[PDB]
Every structure is written in C-alpha cells, then in structure tokens.
Amino acid sequence: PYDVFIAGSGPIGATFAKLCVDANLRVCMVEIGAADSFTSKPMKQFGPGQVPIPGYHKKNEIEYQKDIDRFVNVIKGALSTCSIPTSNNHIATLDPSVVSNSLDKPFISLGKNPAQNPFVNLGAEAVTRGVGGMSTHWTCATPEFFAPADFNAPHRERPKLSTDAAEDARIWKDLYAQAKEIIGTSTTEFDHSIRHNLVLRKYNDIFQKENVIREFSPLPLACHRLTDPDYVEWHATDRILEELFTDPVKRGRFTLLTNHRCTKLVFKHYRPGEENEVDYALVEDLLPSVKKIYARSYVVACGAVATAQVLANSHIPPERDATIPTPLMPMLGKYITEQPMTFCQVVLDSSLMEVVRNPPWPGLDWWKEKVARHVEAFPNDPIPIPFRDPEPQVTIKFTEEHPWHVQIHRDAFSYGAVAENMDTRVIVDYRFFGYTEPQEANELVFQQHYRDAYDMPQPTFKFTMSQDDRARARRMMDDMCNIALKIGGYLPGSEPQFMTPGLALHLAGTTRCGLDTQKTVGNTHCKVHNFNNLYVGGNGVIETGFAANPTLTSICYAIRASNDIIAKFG
Amino acid sequence: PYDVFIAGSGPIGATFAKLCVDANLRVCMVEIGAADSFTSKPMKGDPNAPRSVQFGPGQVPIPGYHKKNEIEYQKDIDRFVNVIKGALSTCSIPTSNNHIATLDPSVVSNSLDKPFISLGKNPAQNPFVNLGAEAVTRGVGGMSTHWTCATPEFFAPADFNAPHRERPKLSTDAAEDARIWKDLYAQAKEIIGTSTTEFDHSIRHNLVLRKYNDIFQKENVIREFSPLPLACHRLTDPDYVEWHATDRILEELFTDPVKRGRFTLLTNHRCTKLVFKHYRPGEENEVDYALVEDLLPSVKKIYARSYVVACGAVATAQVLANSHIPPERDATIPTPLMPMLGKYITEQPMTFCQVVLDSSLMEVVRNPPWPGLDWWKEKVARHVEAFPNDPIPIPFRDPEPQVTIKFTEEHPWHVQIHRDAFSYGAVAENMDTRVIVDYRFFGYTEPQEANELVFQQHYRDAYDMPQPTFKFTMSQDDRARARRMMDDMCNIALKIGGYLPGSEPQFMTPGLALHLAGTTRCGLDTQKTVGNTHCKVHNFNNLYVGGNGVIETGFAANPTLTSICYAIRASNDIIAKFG
Amino acid sequence: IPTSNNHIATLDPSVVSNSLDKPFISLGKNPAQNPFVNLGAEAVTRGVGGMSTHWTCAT
Amino acid sequence: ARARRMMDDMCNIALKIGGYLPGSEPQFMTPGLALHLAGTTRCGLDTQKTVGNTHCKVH
Ligand SMILES: *Cc1cc2c(cc1C)Nc1c([nH]c(=O)[nH]c1=O)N2C[C@H](O)[C@H](O)[C@H](O)COP(=O)(O)OP(=O)(O)OC[C@H]1O[C@@H](n2cnc3c(N)ncnc32)[C@H](O)[C@@H]1O
Ligand SMILES: *Cc1cc2c(cc1C)Nc1c([nH]c(=O)[nH]c1=O)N2C[C@H](O)[C@H](O)[C@H](O)COP(=O)(O)OP(=O)(O)OC[C@H]1O[C@@H](n2cnc3c(N)ncnc32)[C@H](O)[C@@H]1O
Ligand SMILES: *Cc1cc2c(cc1C)Nc1c([nH]c(=O)[nH]c1=O)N2C[C@H](O)[C@H](O)[C@H](O)COP(=O)(O)OP(=O)(O)OC[C@H]1O[C@@H](n2cnc3c(N)ncnc32)[C@H](O)[C@@H]1O
Ligand SMILES: OC[C@H]1O[C@@H](O)[C@H](O)[C@@H](F)[C@@H]1O
Ligand SMILES: OC[C@H]1O[C@@H](O)[C@H](O)[C@@H](F)[C@@H]1O
Ligand SMILES: OC[C@H]1O[C@@H](O)[C@H](O)[C@@H](F)[C@@H]1O
Ligand SMILES: [Mn+2]
Ligand SMILES: [Mn+2]
Ligand SMILES: [Mn+2]
Ligand SMILES: [Mn+2]
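Chains as they are written, first to last, in the UniProt record's numbering: chain A, 13 to 56, 66 to 309, 319 to 348, 366 to 617; chain B, 13 to 309, 319 to 348, 366 to 617; chain C, 105 to 163; chain D, 518 to 576.
For reference, chain A alone in the conformation it holds in the complex:
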C-alpha cells in the first residue's frame, strides 16, 4: 500500500505530493483529466537527458507572450461550467416543419441541471480538469490574507489556526514564507515596466493628497522575468512537481495516474459520529476499468466543488430533485463563500503621455532611455511607451476600512471583444473583489438523480449574499469608479459593471477547516472529523469570508496537512 493517496493534481495536490515524497513516503496521485501542458528539465528540450514535466503554465508558450490577447481563448476552452439551469425558451422564427420544443415537451438537454434555481446560482462557477488544475491558466496573483490587530475583531480574512494569538501569527508568518517559496511569489518582476511604474507611482502621488490616503503596491505574482526581459515564466504545478520527475529517487516514490477518476472513497462503516477510516479509494480509468487503491492516508484535493463532490459521492456505500445526504460529514457544503466582482477598463489620460516623456520621480534613467529610444525610432507614434512594455501589476491591500481586494492590471481573461480601435499600451483593467460572510444556509449540494459528464453527482448551488455583503458591494463599485477615473476614462464596452456570480472562481468553504468542530468539516490540519486518515485540500478548506486571491493561503493549509500526515504516518 502506498503511504498517501491524493485525488487531484492541481497545485494543492502537488504540494501534498512534493512534501510527502521529500519525507520518503510513497505517493499515488489520480488526476481525472489529461497531462496537456509540459515543459522539460534535465535529470538530476524534449530530446536526450531531459525529462517532460506536466502542469506547465500554458501562457509560457511564446505565441501568448507575443499575442497575449489570444490567451482568452485558452482560458475559455479550459473552463467547464458547474451548474447550468434548464430553460424552455420559445424560438419564434424556426422553420415551422423542424423539430421544436413546446410548453409541455421541453428539450431534455445533456449537461443542464434541472434542479438549479437560477436566482441562487453561482452561474459562472467553473472547473478545469487536467494535470495542474487551474494553475495551467491562472493569473498567478498571490497576496496574503488580512489579519486584524485585534485577534477578536468582528472580521478577518486570515483564518485562525490556534486560540493563542501570538502562536497563530508566528505559524502563519512562516507558512506564508514557505508557500511563497513553493509557488515562487515575487513583487519585483514588473519593476522595469513603464506602464507599471506610471500607474503605481501616479496613484500613490494622487492618493497622498486625497483626504483619505490609499496605498498602492505591486501585486505579488508567482512568476519570474526571463533573461530576455520580453518574456516571463508564469509559475504553475510543474514548479511544485519538478523534482518528482527530475530526481530518480523521488520519481521512484511517485505515481501519477492521469485520465483517472476518483469516484469515491469507501469507508470502514457508515455510522455518523463514530471514529472511522477510509478503507480504499475507488478509481476508474476513463480511457479504453474500476481499481481499488489502498493507502495508509488519503487526501482529496480536487478543488472546491469537486472535493465536496467526491466526499458526497462517498456517502453512498458500494424527489427527482433529492440531494445526497451527508451525515457522516454534516457540514459538507455548508457556509460556502464566493467573491462579488466589479470590473471596468480605462484608456489612460492623454496628459499622462507627457509624464511618460518627463517623469518627475528619481532613479528612472532606465525609463527615460527606453522612451527616448522608442520616440526616436517611431516619431509618429502618438504613444511614447515602448511596444512591448509590460502591463501594470498593481494592488491595494485589503483593509477593514476598504474591505475589498483591488487589482489594477491587465489580465489575460478578457470579458468581451478586444477593442479593435484602441492601442493596448494605454488600456488599464480594474477588478475589485468583495467577500461574502459565511452563512450556514449558503450551500453546495449534490444531486442523487442527475450526474455531470464524468458521471459524478451534479452540483447545485443555493447562494444568497447577506445585507451587509450587498452594502459592501455598493461601496466597492463606488470605490472602483472613483479610483479608475483618476488616471483615465472608461473604454466603451468595459464601463463599470458587476460580473456574473462565481466568475472569480474563488469559491471557498465547501470543506471548511477550523477550530470549531461542530461547524467545520475538518480540523486546522485539514483532517476530516472522525476519520483518522482522511484529509482535504484547496480553497474549500478556507472558513472565513475573504476578498483576496486564495491559492497561497490554500497552499499554507496543504503544508500543515502534509506535516500532520508525515507526523502520523511516517
């Protein structure tokens, strides 16, 4: 038997694999999707003594470094919508002899969820299936979560790991330091971008003179600029898995089964509230069947929706709208949280081009030389910013006084048609993410009689944000308009707007882990209550309402859980 079985090969599952292998444990990881993105590294380019490493970021391919607007297509092709409501719309202009729906015989459409109420849905919530999970397309933003000065403040982003405030703080500090190294967070990789510096420095100058000061800083990113500074390597699961492929000793302790579905775990017994154990994982090989995989410990790291889906499916030992009850894990799927998001784009003020030509800040000879050079080579370009200058990567850290997360940047995930007519150097994006309070009645439940395309129980969302959440969302939209208009004016088609619920993909709380046993699925080590050898990972473990991007904080938890596993099962 393996020492550790892991379902899922995203960055969290990879963290478990890496840490467990480094501690001399034998690990078997199942991934339901395909290894579809690779780099290569030499053994301790895809020819001789080099080894192929999957879970590489798709954006690292030179074609997307050159024509970055093409990458929206990658992301749209990677995302599979979780819950799509049925509908029965009349199509008036059909040819009258063709197949048609009617009031009494609607179409029955493969893939839709008849149980979903569209008014309580997270309609843009989605999943990516493949080695690396969502990390093969993500934006790589890795902020820390906010912790208030007072450990008993009414709200915090950063969960509590201890009732002892000073220990909690020291533990998080080092965890965040470790998770930064695992994923390779940096704040300096745009420090020689004109656009980045223009936006950062102008905003700080403006907000120093405003009646309420706001601090702008570089968005921390999991990436590194390459020796040819036109290119950036964005980090993904390949960085975490690397030595499991390139070190022959580690490679010998790691098995990765791709196109394998973890269908469910089978338990010693099905009695709620008594000590229990996983007996085996039931796994199906999806290519052209069923395997029991035995290990001493089991980790479900399938992302926020699918981790709960696996655990719900496991309640079934081996009215049409009935859901699977989950009394062995009563808090499964409860208290779920997602982030409201507002968006707009602006075109920079024409007066800022004078700033580009004559910047007032010291230490900027590098910028002066890039502008002078471009100006001399393209005297008729109305924009003096060099052609390939990187986009801005600016944030304002969450505070309780302005309790949302701000990104002022350019993202590969566009939301409508490129502006054919505007030059891309002068466009800036704003995404502002809010938080939702965890509430028991906000839920992810799984259908007994409808299944997804991979024959797993269909997820259904029952999400309604609170009055306080709505009041903050109004303030956030007001903040975005005010901030955006300081440096530019709205680009047509990207005026200030809310996006579809779920579109942030930051769903959390579906397998919530914390100190309060009766309201969580697992403890602070992510061990599921009453199971001696079952652990969860991913954003689903995060029990607080937060606004910042969660993956770094999720990796902290993966570290913790791996060390518990090592402690117990090494």
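Since the hints were derived computationally from the structure, they do not count as laboratory data. Ideal Cβ positions, reconstructed from N, Cα and C, are used throughout, including at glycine. None of the hints are false.
Okay, derived cross-link-like pairs now, DSSO-like style, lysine-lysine, Cα gap no bigger than 30 angstroms in a straight line:
1. B/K533 to B/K223
2. A/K509 to A/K566
3. B/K53 to A/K271
4. B/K615 to B/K322
5. A/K133 to B/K417
6. B/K126 to A/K223
7. B/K87 to A/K133
8. A/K133 to B/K97
9. A/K87 to B/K322
10. B/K133 to C/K133
11. A/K223 to A/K415
12. B/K194 to B/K566
13. A/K126 to B/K533
14. B/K223 to A/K126
15. B/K230 to B/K415
16. A/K56 to B/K56
17. B/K444 to B/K201
18. A/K97 to A/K201
19. A/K417 to B/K133
20. A/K415 to A/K87
21. B/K133 to A/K87
22. B/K321 to A/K53
23. B/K87 to A/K322
24. D/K533 to A/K223
25. B/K322 to A/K53
26. A/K417 to A/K87
27. B/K271 to A/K56
28. A/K322 to A/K271
29. C/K126 to B/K509
Quick list of the computed label-pair ranges, beta carbon to beta carbon:
30. D/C573 to C/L115: 45 to 55 angstroms
31. B/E366 to C/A136: 24 to 34 angstroms
32. B/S183 to A/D90: 41 to 51 angstroms
33. A/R404 to B/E366: 27 to 37 angstroms
34. A/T209 to B/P309: 12 to 22 angstroms
35. B/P309 to A/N36: 33 to 43 angstroms
36. B/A464 to C/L115: 17 to 27 angstroms
37. A/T471 to D/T547: 17 to 27 angstroms
38. C/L115 to A/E366: 53 to 63 angstroms
39. C/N110 to B/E366: 23 to 33 angstroms
40. A/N529 to C/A136: 38 to 48 angstroms
Please arrange chains B, C and D with the ligands on chain A, whose structure you already have, making use of the hints.
Below, chains B, C and D with the ligands without anything else, positioned relative to chain A:
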C-alpha cells in the same frame, strides 16, 4: 553532418522525417513553435515499458497529438472552438484609423493625421484583395493538432486533356499518371490513417446519409452521398474517437531507439532563411546551410546534404522569399532566383449554413424503413426507455453525421454535411444539438498569374519574418461557379431541415478554408512552376518544398492527403539521390 | 455624415461591390467632413413646430 | 478637464440610490447628441466678434 534538414513539423514535414529516417538517413527538423500537445507511448526496449502508465517511466511523450482527443472535448465538443481560435494567427490584417466617437475626451486618441501604430497590422495590405481569414498555426504538428481530419482524394476526369482537373498531373502519360496516383494515395491514407467507416453506427449519420440517397436517387439529376473519409478511429469505448495528427507520423522516431538516434527535433527554432552557394538567377545552385534561431531564453548554421521547406503554404514561400536577401516603404522582396514564388495562388470560396432536422424525421428515427437496422432500433429503444419524456428519440452522445458528395465536374465543388468543431457564431442556446446539421460547400478558384502572395521588405510579423501581403481576385468563371454552389447548398439543405436562426446561408470570409495552395507550385511546366513533380526547386540540386503550396491546380476538396502524396514522392527522390 | 469605403468581406462574389479605387457614391454623405472634428450626432427636424414636436420640454 | 469631473460626479450621484442597469453603464455620448449647438449666429455687445447685436439684428 545531417542527411536532411526539414523546416517545419506539421504532417508534411513529419512525412519527410518518417520516410527519410526509415531509409536510414539522419534528419534534423526545426519548428518555430513549441511542442504543446502530447500523447505517451511505451518506449521500445525500455525495462519499464510493459507495466508503464502514460507519462510515467518508461513511456515517451510524443508531440503533435490532436488536441481534440482530450476527453474534456469528446464530452463538451462545442468548447473546442476556443482551441481553434487560440491556435490561429491571422496572416495579413490591414491598418485602419476609425474614429471612436464616445471616448472620454480626456483620453489618449487617434486623429486623422496621427493614427495609432499597431505592430503586426500590415500597412501594405489592400483589404479588397485580401485573404483576410488566412491564418497559420505555429506548434509541433502545425495545424494537424486541431484539423477536422477530412481526407478525400482529388478528382481526375476521364479525359486526360479535360480543361479542368483537381488532381495535378505527375506524368504526361495518362496511364503512368494514374498508376503513380493510385500508389501514392494508398500510401498517404495509411500514413494519416484514413477511414470511411468510423460513423457507421451513428443514427444521425445514417439518417442523413440514407435519407439523402433515397431523395436524390429518385431525382432526374442523381447526386451520390457518401461517408466523408476521415483520418481517425473510433475507440473500443465507442463514445470516443482518436483523431489522427502528426503524433501518428512521428511516433516511431520517438519510440524506437534506433530511429530516435537518427532524428533531432529542435522546437522554438525558427528557420530564418536558407543561404545559397550564390545569388545569380537562372544558374545551377545549391543550399549552403540553413540559418536557424533559437527563440527561447543563439544564431546557428545547420548543414545538411538536402533541405526541405515544409512550413505551410504561406510560411514556406516566406522562408524562400527571405532567403533572397544574402547575408517604397511598401516595397516587396523580389524573388528572381525562384520567379514563380507566390504566383498563381488559389483559395476556396466557402458557403455555410446550419439546419434543424424536420420533425417528420423523428418518426423515421423511431421506425426506420431500411431493412436490417437492428442496431439502430436497439439504441433508440434504450434511449426512449431511459428518457420517455424526451421529444428527440436520438440517443444522447450519438455521433454527428459525417457525409460528403464527391466533387464532379457537373457540380464542381466539395460538399461536407456534418458537424464541425469550428463553430462560426454563438452556439445555439435553445436548440438541442442532436437535431442540428452543418453544411460547408467549398469551391475552387482558377490558378492565375496575377494572383499572388508577396513579402514586404520593411514590415515584419511577430517572429521577425517578412510580412505576407495578398493580391487575390477570383475570376468571372470562379464567381459563376460560387453562385451555383450557394444555390446547390440551399436546395440540398432544405431537403431535410430548415435553417437555424443565426446560421442562414452565407459566404464566409476569404481565406477561412485555410486551403491556400499554389504558393510554391510544382508540376511539369517548368516555366510556370517553382518545383518539378518531385518538388525539387528549379536550379537547386538539394532544395525541396512541401505542403499545400506545391499543389498547382484549382481544387475544392481538402488538400492534406494530396499534399502528403507529394511529400512521399519528394522523400523518395531525396532517398534515391542522397540515401 | 462622413464618407466611408469599408470592405464587406462576406458579399456573394458575383454581386455589385465597392473597391479600393471605386467606392459607392452615397448621396447625402459629406466628403469634406473630417470624422475626428465632427458633431456626428448633430441633427435637424423639419416640420411645423421644428423640434418642439418631440422635445423633452426642460426649460 | 470639466468633462472628467462631470463623469465622476455622475457616478458618485447615481450610486447613492441605485446600481447601474446592464447596458446603460456610465458613458459619454456621441458629440452633437444634445442638439444644443449654439453660437452659429452669435449675438452680443462685441460687434467685431458677433453676427448680430443684443437685439439679434445682423450687423
Ligand atoms: C482559471 C483561473 C483561475 C485562477 C485565476 C484566473 C483564472 C482564469 N487567477 C488566480 C487564481 N487564484 C489565485 O489565487 N490567483 C490568481 O491570480 N485562480 C484560481 C487558482 O487557479 C485556484 O485557486 C487553484 O488552482 C486551486 O488549486 P487546487 O485546490 O489544486 O484545485 P484545482 O482546481 O486547480 O485542481 C484540482 C484538480 O483535481 C481534479 N479532479 C477533480 N475531480 C476529480 C476526481 N473526481 N478525481 C481525480 N481528480 C479530480 C481536477 O481535474 C483538477 O486538476
Ligand atoms: C486549422 C484548421 C486546419 C484544417 C482543418 C480545420 C482547421 C480549423 N480541417 C481540415 C484541413 N485539412 C484537410 O485536408 N482536411 C480537413 O479536415 N485543415 C488544414 C490542414 O491542417 C493543413 O492542410 C495541414 O496541417 C498542412 O500540413 P503542413 O503543410 O505540414 O503545414 P502546417 O501549417 O500544418 O505545419 C507547418 C509548420 O511549419 C512551421 N513553421 C512555419 N514557419 C516556420 C519557420 N520559419 N521555421 C520553422 N518552422 C516553421 C509551423 O509553425 C507549423 O507547425
Ligand atoms: C429633438 C429634441 C430636441 C430637444 C430635446 C429632446 C429632443 C430629442 N429636449 C429639449 C430641447 N430643448 C430644450 O431647451 N429642452 C428640452 O428638454 N430640445 C431642443 C429644442 O427642441 C430646440 O432647441 C428648439 O426646438 C429650437 O427652436 P427653433 O430655434 O425654433 O428651431 P427648430 O429647429 O425647432 O425649428 C427650426 C425650423 O426651421 C425650419 N427650416 C430649416 N431650414 C429651413 C429653410 N431653409 N426654409 C424654411 N424653413 C426652414 C425647420 O424645418 C424647422 O421646423
Ligand atoms: O477573471 C480573472 C480573475 O480571476 C480570478 O480567479 C483571479 O484570482 C484574478 F487574479 C483574475 O483577474
Ligand atoms: O473552417 C472549418 C473547415 O475548414 C477546412 O480547413 C476543413 O477542410 C473543413 F473540413 C472544415 O469543415
Ligand atoms: O437626448 C435627450 C436629451 O437631449 C436634449 O436635446 C434635451 O435638452 C435633453 F433634455 C434630453 O434629455
Ligand atoms: Mn457572489
Ligand atoms: Mn504548521
Ligand atoms: Mn501541525
Ligand atoms: Mn477566395
């Protein structure tokens, strides 16, 4: 050093690689793009192989795999349109200076006399003579990693001196030409893995094929409907298909250690230009070396006994144009060493529509009239039992139709009646996908000298190669055929269904077929060709071309299979001369 | 209303078309108007009452 | 400069009582849409810079 240098790793370059390595020659292939789509196969002779798991020890990754083979896309095929749009880089986009009236008046703006300057728009391009949807894919396997896999033969008329033919002449003797093509086509179908039977137990395919033959067998002009030949095979789990791509061609160059030893594939390596022994027109000449650039974080000379440019129809001409510069702002690169380079280009006008199947055909699905269709009745019975309330009795996941009408000179176009991963508008949110059927009719254009691809001296693409510009105007005869084709499509479509809102009969943008041909055209008439019928470039003993750019005729059918035939023919010349 | 000469890529190839050098002549467009210095939505109403037969009546 | 201030004021004021209706988010309209074109026959005290006097008699 190397016996053969190959620029390009699409299915044509791969064909040269496979055949040459099979003949014990040492091959170096450069590919400007990345290996980005893989499968894994056991490595022959590796102690791990018998028990191995995909992408484990001792399997080897094989690039150029079809992206549509991921189960994600076999289950959600409408998502694949995004893969296709992600893979296509448009060749020539005209500049424009449109006024945006609703900009905030404080922001950066274009003006009449100070337009924005965009990298990679082409100021030299006249939009009215463009192939504005012509595009390329840079990656291992080229476009074969997303293609639709249709592999028909080209039409050869009964009379060898008929005015028009799809299939080019390889000999002046009619009988030798026919024998040559018969052997090449057999070999090309085995290389790519063509089959006509992979949809034979789809209700939708069978419905569409049988109905149309029943209708047109009765009409006073008979039209014959047949399965579209497809480079694919259905898997032992019939819910999946393995679509074929360059991985099938290269497989043994990665799984066989003896072959792997003779093959080197350098990815993110641009062939910038070939450098010639000399630069005098009309004189015997040869390639000295290939100038290659590693584009990853440099400039290297690669020597071989023979050189193959298989970079697709546009890029092959681009590499050869740029090789004219040894080591008025709208001036193009003259190409006097290869005077027919980029002349006589052809492309396929295309009409498109979709229909919804007639309600009356659902009764045919429940009670097919044709004898011996027990398999169909069984599938339908299973579905109606599981989903008695479903108005559509076709089973979920029944495969799409895959039907064609072979080109004939009486109706001189290529028909596909199918469902294609390349959707052109928004998916139909309200209509069930089981009852939708697509129609793509492709015409041909006559080769004319004045139709050309040229390359800009002062403008470059994103990979620092000379910018392509098209000067393309179809002929009067090409236009009259296009109208007849549109008319035929409307007539044929409406026999089994009605147009789906949003996909009513329409022409598509010039270039969308991506069947550009004739840019390095090869044939018997030396004076009007870039290469001979072995695709050896005139006046160079050691330079060959491949791809759809070699095809010298006006054709309507999908060209890949015929391009493979030329690759075999050319490889054999290489092997006989240099191996 | 400024003149324009935009290419329509998807016309049926047998139909009447503009070209680079032979644009349509569209009566009532203004060849002298620079679009970037226009008041493009400026308009008149001809009829008894002029604009007062549709205006919002804010005074 | 005044138009940017005005856009900001509009966003601030609108959000005090409601939220933007999809499709009618804050935007500038095409110049001339107000139909409040003026000064084409300007009347005033300064004879050298007007068309008419303060009684609108043409000079
Ligand atoms: C798509 C996306 C995602 C993110 C960004 C932008 C875009 C468009 N931006 C972003 C994000 N997060 C950040 O913190 N900062 C950024 O700037 N994105 C989200 C981020 O990508 C996720 O938070 C992260 O991957 C979460 O990692 P994880 O917990 O490992 O989960 P994944 O979803 O990545 O991978 C899970 C994995 O398990 C597989 N699976 C699912 N079900 C099964 C079963 N039954 N058996 C076996 N395997 C299963 C999935 O296929 C998947 O690979
Ligand atoms: C995209 C597309 C393509 C086709 C269909 C559908 C779609 C959406 N469907 C289809 C086609 N063909 C048919 O016969 N039947 C169908 O059902 N499609 C076209 C087909 O895909 C092409 O005909 C075929 O690949 C051509 O093969 P090729 O001649 O080998 O050319 P490629 O373009 O595939 O690959 C060339 C290759 O060379 C590289 N390159 C370009 N420039 C350079 C330089 N300078 N140095 C090195 N390498 C270079 C490319 O990047 C590319 O990989
Ligand atoms: C169309 C409209 C206009 C107004 C608002 C809403 C809408 C959509 N709302 C509005 C406006 N004005 C306000 O102060 N507040 C409101 O809430 N609108 C504009 C207002 O409607 C005009 O300012 C007003 O009519 C102007 O009055 P006018 O100076 O009398 O000019 P008109 O354009 O109304 O009438 C001129 C008139 O003369 C005719 N004409 C033009 N050329 C000739 C020649 N050569 N020969 C003879 N007659 C001529 C016209 O045809 C017209 O009827
Ligand atoms: O929609 C794109 C956004 O998606 C979110 O998942 C990311 O965390 C942001 F960084 C990103 O801007
Ligand atoms: O545009 C998609 C079409 O493009 C062409 O490249 C293919 O040959 C067709 F089979 C396909 O239907
Ligand atoms: O566009 C309608 C607007 O146009 C103007 O002509 C009027 O003065 C405004 F009151 C009215 O709301
Ligand atoms: Mn929400
Ligand atoms: Mn710890
Ligand atoms: Mn611990
Ligand atoms: Mn054409």
